[PDB]
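All protein chains but one are shown in place.
All chains are identified by letter, namely A, B and C, in their written order; residue positions are counted from 1 within each chain.
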Amino acid sequence: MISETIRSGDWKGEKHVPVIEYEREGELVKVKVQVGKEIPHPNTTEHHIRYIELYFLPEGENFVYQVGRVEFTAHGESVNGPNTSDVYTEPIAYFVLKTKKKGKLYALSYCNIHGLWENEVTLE
Amino acid sequence: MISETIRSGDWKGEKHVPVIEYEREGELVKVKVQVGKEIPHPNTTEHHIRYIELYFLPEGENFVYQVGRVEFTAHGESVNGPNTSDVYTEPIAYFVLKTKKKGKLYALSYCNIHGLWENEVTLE
Amino acid sequence: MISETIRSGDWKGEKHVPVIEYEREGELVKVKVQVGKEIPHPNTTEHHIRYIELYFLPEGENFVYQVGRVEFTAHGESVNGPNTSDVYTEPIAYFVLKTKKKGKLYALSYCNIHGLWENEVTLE
Partner (left out) sequence: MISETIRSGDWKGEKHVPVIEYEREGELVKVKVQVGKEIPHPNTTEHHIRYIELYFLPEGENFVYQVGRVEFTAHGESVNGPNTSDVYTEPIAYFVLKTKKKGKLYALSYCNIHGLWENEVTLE
């Protein structure tokens, strides 16, 4: 099972845990997912969060839907060496989702050296 | 050249043109990119914006950096047919960039049936 | 846990399950992953495999590494309607990995209406 490589936890003590927050405005659900809300995650050429993915499993349904994927692609690398570009993409992802359904939202994130991480929250 | 397949234009009359807006806060540059600001773009199983990419070429430098990529992966598809899931991901992308440099930001977006689209703005 | 949305099984019954095969040639490991090895998986505008990801957990290590990601982006869509372009990308992904380590390879695939699917094989 691939799940044996996915870690979870308390984002209060664990900096890798993706934190999911949302604000439902009408038929629009604005979701914010970030890594390092309490404990800041490094963002260097050698160590950084590569991306965050958001999934949505509607209440009572059998198939999860991938809502979106955000890749953080700049990590200081340049022809002058690692951490010299002064260009870094922070692990903060925003998704605007249009739905009137309820269910569960899942976040899947990947650190280039610390593997896969997940979290979830109920979409009321 | 691939540029012969990339279209551009004024987003006040062309719904496909990605619109770039940003807010500088310290060393943090918050960028918002969206397709269909004025003229909303369809988002159906048959026709939808697939993703938006953000690039940054610092002033006076020779190599552009990809800042990030956002894929909008839900477009109504379900086992019950096209446009039946009530789950759609709107073409609105947000990027949090950490840099003190100035330059030019580029947005590249792709429609599943209307090809590639671009736009750019100066990052002051 | 996201694992509750991930399905698995024998590829001899479920035309979904991603099938992993590899050939080691020294330091080079060529991996082939595909969905629909037995009974072909549909590839229409309405129903298709979006991508296949390959992961590698070296023997005795604690963090899994994402080896690669292949997105199949053409599914017949065109300005003339769904399934009219005559351009389809088959769900067959190849990965050339350079490593002398052994361990476990995992494949994760996403169907646009049937959720996430996984499979794994030991890399000797």
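To be clear about the criterion, a contact is a pair of C-beta atoms (placed from the backbone, for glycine too) under 8 Å apart; a residue touches a chain by one contact, two chains touch by 3 or more.
Contacts of the undisplayed chain with visible chains (whole complex): A, B, C. If you put the hidden chain back, the residue from C:72, C:106, C:110 or C:117 that touches it is C:72.
The omitted chain makes contact with just one of the residues A:30, A:50 or A:102: A:50. Within the complete assembly, residues 45-47, 50, 73, 77-79, 81-82, 85, 112-114 of chain A touch the chain that is not shown. Touching residues on chain C toward the chain that is not drawn are 28, 43, 56, 58, 63, 65-74, 78-79, 85-90, 92-101. Counting the whole complex, the residues of chain B in touch with the unshown chain are 1-3, 5-6, 8, 50, 55, 57, 62-66, 106, 108, 110, 113-116, 118, 120.
Here, only the chains that are shown with their structure count from here on.
Taking the mean of the C-alpha atoms as each chain's centre, chain A and chain C sit 21 Å apart.
The centroid of the Cα atoms in chain B and the matching centroid in chain C are 27 Å apart. Shared contact sites, meaning residues of chain A that touch two or more other chains, fall at 63, 65-66.
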